[PDB]
Every structure is written in structure tokens, then in C-alpha cells.
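Just one chain is shown here, as C-alpha cells, and it is the form deposited without this ligand.
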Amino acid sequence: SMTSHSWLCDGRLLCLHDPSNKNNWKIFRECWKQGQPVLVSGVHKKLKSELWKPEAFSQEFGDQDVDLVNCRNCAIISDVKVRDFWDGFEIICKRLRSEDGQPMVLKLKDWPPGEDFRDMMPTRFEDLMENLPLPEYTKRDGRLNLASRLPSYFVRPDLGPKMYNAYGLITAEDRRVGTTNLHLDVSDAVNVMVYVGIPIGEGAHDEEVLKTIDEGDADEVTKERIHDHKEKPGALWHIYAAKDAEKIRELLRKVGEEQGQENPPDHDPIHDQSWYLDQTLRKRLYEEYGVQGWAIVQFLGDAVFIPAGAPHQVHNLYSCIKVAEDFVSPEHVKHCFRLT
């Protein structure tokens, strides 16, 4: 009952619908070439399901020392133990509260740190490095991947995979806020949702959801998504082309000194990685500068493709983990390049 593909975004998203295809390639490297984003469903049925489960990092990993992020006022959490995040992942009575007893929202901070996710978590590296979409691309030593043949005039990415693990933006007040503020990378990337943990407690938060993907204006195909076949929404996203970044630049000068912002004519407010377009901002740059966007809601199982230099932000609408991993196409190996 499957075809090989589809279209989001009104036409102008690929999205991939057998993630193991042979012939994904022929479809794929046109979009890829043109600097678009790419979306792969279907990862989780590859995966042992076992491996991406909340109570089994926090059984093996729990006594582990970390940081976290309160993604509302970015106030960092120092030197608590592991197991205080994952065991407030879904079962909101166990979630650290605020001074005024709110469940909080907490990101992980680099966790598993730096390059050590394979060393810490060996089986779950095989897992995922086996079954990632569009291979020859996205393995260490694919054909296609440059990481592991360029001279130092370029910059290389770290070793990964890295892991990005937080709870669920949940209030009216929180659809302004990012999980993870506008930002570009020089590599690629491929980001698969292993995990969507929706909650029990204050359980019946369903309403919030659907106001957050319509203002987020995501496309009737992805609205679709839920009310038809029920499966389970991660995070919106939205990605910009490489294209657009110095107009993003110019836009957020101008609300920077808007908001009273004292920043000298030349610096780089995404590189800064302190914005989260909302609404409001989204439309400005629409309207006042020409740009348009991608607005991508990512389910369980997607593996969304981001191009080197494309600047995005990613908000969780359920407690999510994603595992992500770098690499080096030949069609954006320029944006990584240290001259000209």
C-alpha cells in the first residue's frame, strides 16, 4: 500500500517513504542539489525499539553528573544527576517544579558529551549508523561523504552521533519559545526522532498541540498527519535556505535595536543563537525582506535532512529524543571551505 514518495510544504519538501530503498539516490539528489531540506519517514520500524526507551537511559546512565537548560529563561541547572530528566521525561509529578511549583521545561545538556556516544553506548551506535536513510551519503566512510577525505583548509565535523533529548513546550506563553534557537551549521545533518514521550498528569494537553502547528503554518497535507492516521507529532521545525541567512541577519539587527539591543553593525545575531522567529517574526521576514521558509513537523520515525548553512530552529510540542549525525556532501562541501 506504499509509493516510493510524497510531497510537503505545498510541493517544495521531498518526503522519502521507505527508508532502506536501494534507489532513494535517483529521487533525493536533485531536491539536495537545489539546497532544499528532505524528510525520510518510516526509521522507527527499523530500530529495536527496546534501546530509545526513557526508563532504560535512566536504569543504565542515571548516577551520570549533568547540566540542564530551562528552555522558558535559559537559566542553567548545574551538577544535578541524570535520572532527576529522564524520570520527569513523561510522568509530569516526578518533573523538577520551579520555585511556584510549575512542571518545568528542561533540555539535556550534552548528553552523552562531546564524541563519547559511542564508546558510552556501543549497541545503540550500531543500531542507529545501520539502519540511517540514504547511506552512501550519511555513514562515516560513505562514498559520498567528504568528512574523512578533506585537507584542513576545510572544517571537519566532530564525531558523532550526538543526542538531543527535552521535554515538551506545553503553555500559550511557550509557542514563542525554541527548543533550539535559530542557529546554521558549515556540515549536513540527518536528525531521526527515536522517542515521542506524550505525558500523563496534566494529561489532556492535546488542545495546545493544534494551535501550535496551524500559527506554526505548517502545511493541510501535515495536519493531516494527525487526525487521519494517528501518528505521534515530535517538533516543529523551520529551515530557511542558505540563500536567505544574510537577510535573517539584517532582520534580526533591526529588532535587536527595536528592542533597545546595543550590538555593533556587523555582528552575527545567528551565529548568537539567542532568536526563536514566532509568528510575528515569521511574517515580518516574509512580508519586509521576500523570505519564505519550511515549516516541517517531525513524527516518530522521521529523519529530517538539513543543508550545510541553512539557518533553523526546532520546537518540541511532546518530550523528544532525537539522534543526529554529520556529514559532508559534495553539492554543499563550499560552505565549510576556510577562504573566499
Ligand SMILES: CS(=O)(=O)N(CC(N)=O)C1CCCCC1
Contents of the next structure:
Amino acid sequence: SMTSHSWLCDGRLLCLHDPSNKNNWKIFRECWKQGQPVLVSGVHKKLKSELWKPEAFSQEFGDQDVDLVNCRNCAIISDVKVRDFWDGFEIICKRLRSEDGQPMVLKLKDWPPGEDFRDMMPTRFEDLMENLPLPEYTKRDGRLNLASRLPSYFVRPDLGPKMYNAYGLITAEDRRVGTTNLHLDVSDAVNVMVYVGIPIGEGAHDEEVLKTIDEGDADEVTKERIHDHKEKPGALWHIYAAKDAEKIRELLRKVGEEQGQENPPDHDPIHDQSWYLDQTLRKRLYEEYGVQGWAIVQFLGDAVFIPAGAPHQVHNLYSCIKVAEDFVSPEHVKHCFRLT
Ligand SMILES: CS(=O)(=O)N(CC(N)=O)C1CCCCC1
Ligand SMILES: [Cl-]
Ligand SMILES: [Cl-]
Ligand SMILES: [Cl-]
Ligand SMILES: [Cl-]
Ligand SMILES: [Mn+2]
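One more: the block was the form deposited without this ligand; return the form deposited with this ligand bound.
Now the complete complex, all chains and molecules, led by this one.
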């Protein structure tokens, strides 16, 4: 039977089933006011799937100049063609190699650049914006989005959306690394998985993906989405309540000191965007500071709602294309106020 919703993270995470259901707000707003993230599945079935393929991005935009990051060591690969990234998205033997001769795990940095998404890709922009869930919250001019309505006493988000493109992490050592490191945003955001690329050549890399999800602390119902429904998993997220950010800063100041970093006692390890919380650090956060998070596996077509001020990190299981839009809900506008 079709149902309006279900629960993940043992009842702590709302999962809405129909992205275009006009009654979603009634269930959504109760969870959202308490500072929880929310998941909405099925957004891929609303989109024009031909507009979101890596081969199309390569063919249409391949000649533009970009920087990449090596996700294993944070090295920057300067001033290469965007086709050098896209043509290795799923075919492993086409990927740029490190000195060791291994194919690199790469992230495409700031592409499209700044606020240029709408100008460069007007048809993609239309397809996405017209199919975002909770549109009174997420559309540029929706009635519950205060972005366009606030004075300069509030930090206003840039014009979006922003695209996030990166390969999947592969090895046991890769389990300890992030695609995007732990950080927080002063605005709310919705992040949609529009494409998951399962590669070929080293195409049989299914079992380390399971160990990563398991060690990632994913719930039993989330593991049933793979084994029972054969949905494509993109990325493993950890999200923490805005109210726990200072306890996370205290853990990361202590670990920094243990590892011989030499940091003033007030510096901000979350703003630095330099940490990924691996299994050891997440267990220590829980045991020593009493802080619990949400471990979320974002499948193809899943939209993750991230509350303003909530620390979060992203670990790609396979190659992913994500598109995110910022918004300012009245529930969380305190997070972007420039005084007290
Ligand atoms: C110190 S901070 O965490 O960077 N911060 C203060 C601010 N004025 O932006 C806000 C960040 C969003 C959540 C509420 C706090
Ligand atoms: Cl809050
Ligand atoms: Cl376009
Ligand atoms: Cl809505
Ligand atoms: Cl990062
Ligand atoms: Mn973010």
C-alpha cells in the first residue's frame, strides 16, 4: 500500500513518500520546529532524467576550466577541463591517477561557479525548482521562505541552486575520509540526489559499501531499502542538532590538542571545515559528551532537509550528482540574526 510517510533512525527521522502531496506541511512542520532533519523520497520520478546524466554535462560544458580536489589528501588539481572529471565519473580506467598510479577519488570544486547555475543551465534550473518538495518553504518566493523579505540585520543566502559532484570513496582506508567535511550553514537547505553512478572496471565493489553503512551506524529499516527494494544508495550523512554544536567544538579542540595541533583555546573547528567524524570520533562524541546524531543514507531521488545551525558531513558511497537550494524558514530565522 502507498502511505503518506514512515520513520527512519528508530522513529527519530520523518520520511515523506510523495514529494508533491499538498498536505506534507502538516507532518513536516511538527518535526521541523523541534530542530530535526527530514527526508523526502521519490523526487527522481518528477524530473526529466535525460537532463541529469554525466555524459550530457561532459558533451555540453566539457571545455570549461575548473579545479578538482583529491578527497584522500585534500590536494588541489588546478586549471583542468571539466570533461577530465565527467569522463571518469563511472569508468574507473578513465580517471586521473596519483603518483602511486591509483585512480583518484575526485570532487569537482565550485561548478557551476558562484550564483551562475541559472544562467548556465536554464532548463535544469526550471526542472529542479518546479519539483522541490515543501514548495512554500523551498521556492525563492514561497510564503514561508523569508530569504527575500529580511533586512541587513540577517545573513541572507546567495541565489542558488548549487551543484555538488564527486566520485564515491572505495577502500577501507577511505571509510575515515569525507566528501564534504563537518561544517554548519546559517540558512536552512534542501539537498536532492539527482544521479547515482555505480562504476565499472573495478565493478564488483558492493561489499565495502555495506560495511561502510553498517559501521556508519545506519538503522535496520535503512538497510532493508537496499536488500529488499534494490534502490541505489548515493551518500552517507551524519547530522547533529544545532543545540549540540558547542559540545562538538569541545571534542574537536581536545582531539586537536592530543594530535599536537597548536590552536588558540577559542578557535572554531566546525567553521575550519577540516574534520570528518569517523566511527572512533562518533563513539567518543556519544560516550564522553552525551551527543547523538542522525545517520542518513541518501538514495537516488531522496531530498535531505538540513536545519540552520545543524553540523553535518557527507561521505559518497558511489559517484553522485546533488543539487541544493538555501531557504530561511521562520522556525530557524534566529540562526542568521547578526546581534545578541
Ligand atoms: C557562532 S555560529 O555558530 O557561527 N553562529 C553565530 C552567527 N551570528 O552566525 C550561528 C550559526 C548558525 C546557528 C546559530 C549560531
Ligand atoms: Cl533551532
Ligand atoms: Cl540547461
Ligand atoms: Cl509547503
Ligand atoms: Cl569539505
Ligand atoms: Mn552544507
